[PDB]
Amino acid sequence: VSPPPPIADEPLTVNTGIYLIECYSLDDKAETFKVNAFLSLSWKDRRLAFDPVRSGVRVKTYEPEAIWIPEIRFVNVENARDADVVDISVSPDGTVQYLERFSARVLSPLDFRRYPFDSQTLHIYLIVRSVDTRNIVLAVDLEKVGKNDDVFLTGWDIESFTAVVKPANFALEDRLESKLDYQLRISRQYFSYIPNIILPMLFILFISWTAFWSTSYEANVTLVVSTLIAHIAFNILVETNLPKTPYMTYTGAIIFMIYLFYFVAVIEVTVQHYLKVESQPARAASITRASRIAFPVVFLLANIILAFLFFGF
C-alpha cells in the first residue's frame, strides 16, 4: 500500500476514461442528474514489484485490492460514488486495467438564457489524491471514452461526450491539479413547447387585438381586461415549465412586452372613447385605422429585434 518508487523520477501517467452506461432524470430546477458509467484507469507501476514476473504462462494475472489504487474523487458530486470493482488485472511488466461501476449525483449549472432552444453543456471534473512524493498526473485515454450503447434521456438528444479537455486550474498556488473536464453536450427538443407555451399566449394576445374592430366602449373594456386576466392565469398555469433566474431571459422579456402591449391597448381604447365623446369622430376613426396596422407590425418588429439580440449576436 505504497506509491511506486520514483526510479525514473517522473510523475506516473494514470490514464483514465469514462464509458457512459445510463444517464437519466435531469432536473432543471435542482440542476442535478443521475449518471451510471464505467471508470477505466490504466496506471502503471512496473518498479513497484506488482507482479512484473515476465512469465508467459501467467499472462492476464489477477490481483486483489491489496495493492494501492489511486483514489479518484469528483468535485461536482455531493455524495460518495457507489463503487463496484469489476476487473483488477496487470500484464507482465505492463499496466493495470482497473474498472469500476459507479453511480453518483453529479452537480452542474445550467444557462436558462435561451430556454426554448437552449444548448447547455454538462460538466464532470475529477481530481487525484497526491500522496507521498510520487507526483500523479491525470491523462486522457481516448480508447475507453464514449456513450455508444444506446443511452437516452427524455427531452434531449445527446451529440458529444469525448471533449476530454484538461483545464488544469489552481487552488492556493498548489503544485499541480489536472482536473480533467468531461463535457456532455446536449440540446433540447422544442417541438413540445410551441403548442403549449407560445401559441396559447399568442392566441390570447390576438383575441385582445380584436377590440380595434368594434365601437362599443363597454365591450372593448371587457375584452381587453378579461384577456389580460386570462393571460395572467395562463402564466400561473405554466409557471413550473418556465425558469426562474436572477438574470434576463428570452422567454422572460416576451411576457413584459405582452404586458406593455396590453397597457398600450387600454390607453388607445380610452383615447378613442374620449375623442368620440369630445365630438371628433374623424380623428377617432383615423386613430383606430392607424392602430389596426400599427399594432401587429410593431409587435413583429419588436420580436425580431429581441430574437436578434438574445440569439445570433
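Positions refer to the first chain, counted from 1. Only the largest set of C-alpha atoms that superpose within 1.5 Å between the two forms is called the rigid core. What changes on going to the form deposited in another entry:
Among the candidates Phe50, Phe38, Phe261, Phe33, the CA atom that moves 2 angstroms or more between the two forms after core superposition belongs to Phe50 alone.
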The other form holds:
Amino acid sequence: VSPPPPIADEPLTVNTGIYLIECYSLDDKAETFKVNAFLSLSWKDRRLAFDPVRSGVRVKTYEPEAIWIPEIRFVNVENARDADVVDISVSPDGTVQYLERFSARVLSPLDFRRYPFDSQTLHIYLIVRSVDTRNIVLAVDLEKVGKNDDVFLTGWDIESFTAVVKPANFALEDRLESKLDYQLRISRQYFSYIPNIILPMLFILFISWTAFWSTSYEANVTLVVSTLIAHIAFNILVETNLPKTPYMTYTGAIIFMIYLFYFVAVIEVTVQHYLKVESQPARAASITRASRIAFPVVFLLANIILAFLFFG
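Please could you give me the other form, the form deposited in another entry, since above is the form deposited in one PDB entry?
Keep in mind that what follows is only the chain, not its partners or any molecules around it.
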C-alpha cells in the first residue's frame, strides 16, 4: 500500500503516455469535446522491488490492487473521469506496466481570430499528488506517443498530438515539480464555408452596385434599401455559424465594412439626385461615372488591407 521507500535517494520517476482511440463532439459554442483513450504508466523501481522475483516459478507475474499505484487527475475536466483497469504486470527489477481506458470532458478554450481559416490547439493537463519526501517527477516516453489509431474528427484534421513540453506549474509557489502538457493541433476545413457564408453576401452586396447604371431615383432607393434589408436577413440566417465573441474578428470587420459601404451608397445616390434636381446634370453624371469604378477598387483595397492586418 505504501509507496516505495526512498532507498535510491532520488525522486521516483513515472514515465507516462496516452493513446487516442476516439474523439468527437467538438462544439464551438461550449468549447467542449470528448476524449476516449488508453493511458499507460511506467516506474523507476530499479533500486529495489517489493516483488523482485526472477525465477521461472511465476512467469509474467501480475500484481493485485493491493500494490501501490500513482493517483493522477485532470485539472480541466469537470466532475471526474471513468477509468477501468485492464492490465497490471510486474517485470524483473520492478518496472510494472499499468494500462486502462478512460473517458473525460476536457475544458479548452478557442480563439476565433481567423474563424474560417483558424488553427486551434486542445490542451490536456494532469498532475500527481506527492507522498512522503521523494517526488513523483513525471516524464514522457516517445514509444507510446499516441494517436496513430485512424481516429478522425469531422470538420477538422489532425497534424500532431503531443509536442511534449513540461511547463513549470505555479500555484502559490507550491511544492510541485511541473505539469505535463499535451497539445492536440487541428486545422479547419474551410472549403464548405465559401459557398455557404461568403459568396451569397458578396452577391447581395454586388446587387446593390447596379444603381450606378440607372437614373431613376425611386428604383435606386428601392434597390439599395431592400438590399440592406436582405443583408440583415442573411446575417440573421447565418448567425449560428458566426461566433459570438467579446473581441474583434475578421468576419465582424467585413460586416462592419459592408454596412459602411451601404451607407456611402445611399449618400451617393442622394447627392446625385440632389445635383440632378438643381439643373447640374454634368456634375451628377461625372460623379456617377467616377463611383462606378471607385467602389469596387476601394472594396478590394480594404479587403487586402484587412487580410494583411488579420493574418500577419
